[PDB]
Every structure is written in C-alpha cells, then in structure tokens.
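What follows is one chain in structure tokens, specifically the form solved without (4S)-[1,2,4]triazolo[4,3-a]pyrazine.
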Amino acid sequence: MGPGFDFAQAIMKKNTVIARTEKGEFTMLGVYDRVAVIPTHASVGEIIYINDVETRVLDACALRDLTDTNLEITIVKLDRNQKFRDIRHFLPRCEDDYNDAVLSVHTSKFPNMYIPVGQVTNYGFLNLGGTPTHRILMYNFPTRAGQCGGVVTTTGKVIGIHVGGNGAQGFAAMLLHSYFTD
C-alpha cells in the first residue's frame, strides 16, 4: 500500500523460502549464497524441507552473544542448487530502535501476509519461553502462532526475525551485519 510494504514484498518474493522441521513450518530468510536464518526453537537437524523439497543441512549454528546468552537465531547453510540474492547490505550494523516496521510471513497457513507493526523498541533482555534471550526487538501487535521466522523490515533495512509474543506484544531477534561476514 506504501513504500514500507513495497520494501517488504521485495524481500519476501526473492529472499524467503518455506522451511519445515519436526517443530512446524517457518518463514525462512535467505541472506546470501546458500545461507539462511530461522528461529533456534525450529530445532534444525541434518535434513530440512525447503518449499517441500528434502534438503541436506551442510551447517547449522545457534548464535549466542559473548555473555553466552541465547540470541534465538540459527544460521543454516542449505545443500540447495540455487543462491539467494545477497541482501547483507540491508542489515543494520548496530543495535537500534526503529519507526514504522512491517512483519512479513509466508507459509501454507499464512501466504503473502504483511502486518504494519509500527514502532520497534530495542527491548534487550527477554525471558523467552523460559530461556534468557538478548538483542530482542519489541512491537505492540498481538502476533500469533504461525508468524515465527517472519521478517521484520523498515524502508531500506531488514532488522529482525519474529521469535515470539505474549498475546499483546511481539518479539523479534535482531539481525546484525556482523553475523554474516565471510
């Protein structure tokens, strides 16, 4: 409907796949080459389904900060025959607050879904499903089951992936440029 949504749809059409693990279907953001991200609670194994194709996982790393605190981001390298458009130049370099964000989801259950979530707070610490978690972004939208892995964007930036909510607020893990240097 506006430049926020246009940015969102562009990231969603070229840089997302549907990932299926034993814990469900997730929106999965492709970042560059064969490297994508997913919430760590997806419990990625040796094999994952990508758009319903059986795919070997070449590497998976659950990120933690230098205090050894969960960040809820798993970086996955897929044995896929095709590279993602490199979007690393849309990743923020630092922890920050944002205005006017969109949360975008693409699954069997929620195809082509775009939610204007509004102001995003650098919340920091969250007890997420009983796990101490850092670098959490917060937005005042009642997000629901099925939205985990959804991409959080502003105009010009891919800032996070949706990892949970409490019925009134939603929570995203930050994406930082430093996670994807090579």
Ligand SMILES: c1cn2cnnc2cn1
Given for the second form:
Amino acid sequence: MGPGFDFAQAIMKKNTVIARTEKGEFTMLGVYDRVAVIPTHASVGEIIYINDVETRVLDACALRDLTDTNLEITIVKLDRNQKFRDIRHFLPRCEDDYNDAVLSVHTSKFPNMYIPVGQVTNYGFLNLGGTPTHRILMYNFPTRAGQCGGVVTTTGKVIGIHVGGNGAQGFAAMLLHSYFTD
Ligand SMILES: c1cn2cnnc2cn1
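Okay, that was the form solved without (4S)-[1,2,4]triazolo[4,3-a]pyrazine. Show me the form deposited with (4S)-[1,2,4]triazolo[4,3-a]pyrazine bound next.
Now the full complex is given, and it begins with the chain already shown.
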C-alpha cells in the first residue's frame, strides 16, 4: 500500500520459503547462499520440508548470547540446489528501536499476509514460553499462532523474526549482521 509494504514484499517474494517441521509450518527467511533462519521452538532436525520438498539439514545452530541466554534464532544450512539472494547488507549492526515496521508471513494458512505493526521497542529480556530470552523486539499488535517466523522489516532493514505474543503484544528475535559473517 506504501513504501514499507514495498520493501516487505521485495523480501517476501525472493527471500522466503515455507518450512515444515514436526512442530508445524513456519515462514523461513533465507539470508544468503543456502543459509536461513527459523525460531528455535520449530525444533529443526536432520530433515525438514522446504516448499513441501524433503530437504537434508547440513547444519543447525540454536544461537545463545555470551551470557548463555536463549536468543530464539536457529541458523539452518539447507541441502538445497539453489542459493538465496544475499540480503545481509539489510541487517542492522546494533540493537535498536524502530518506527513503522511491517510483519510479513507466508504459509499455507496465511499466504501473502502483511501487518503494519507500528513502533518497535528494544524490549530486551522476555520470559518466552518459560525460557529466559534476550534481544527481544516488541510491537503492540495482537499476533496469533501461524505468524512465527514472520519477517519484521522497516524501509531498508530486515530487523527480526516473529517468535511469540501475549494476545495484545507481539515479540520478535533481533537479526544482527554479526550472526551471518563467513
Ligand atoms: C499465542 C501465540 N502467538 C504467536 N504469536 N503471537 C501469539 C499470541 N498468542
């Protein structure tokens, strides 16, 4: 509808796949080469479905900060025959607050879904499903089940992936450039 939705659509149309695990269907962001991210609660194993194709997982790493606290981001390397557009230059370098973000989701249940979530707070600590979690972004939108893995963008930046909500607020795990150095 406007330039925020423009940037979000550009990311969805080239840098997402539908990931299925035994814990459900997730929006999955591809970052570069065969490397993607998904919420750690997706419980990625040795095999995953990518757009309904059986795919070997070459590596999966559940990130934690240097205090050994959950970040809720798993970095997955897929045995896929095709690379993702490199979007690492759209990742923030530092923890920050943002204005006027969009949450985008693409699953079988919620295809081509875009949500203007508004102002994003560097919330920090969250007890997420009973798990102490750091680097949490918060937005004041009543998100629901089906949206986990959804991409949080501003114009020109890919800032997080949706990992939970409390019925009134939604929560994303930050993406930082430093997670994807090679
Ligand atoms: C339950 C589950 N959720 C996932 N994302 N937001 C929510 C809210 N309530």
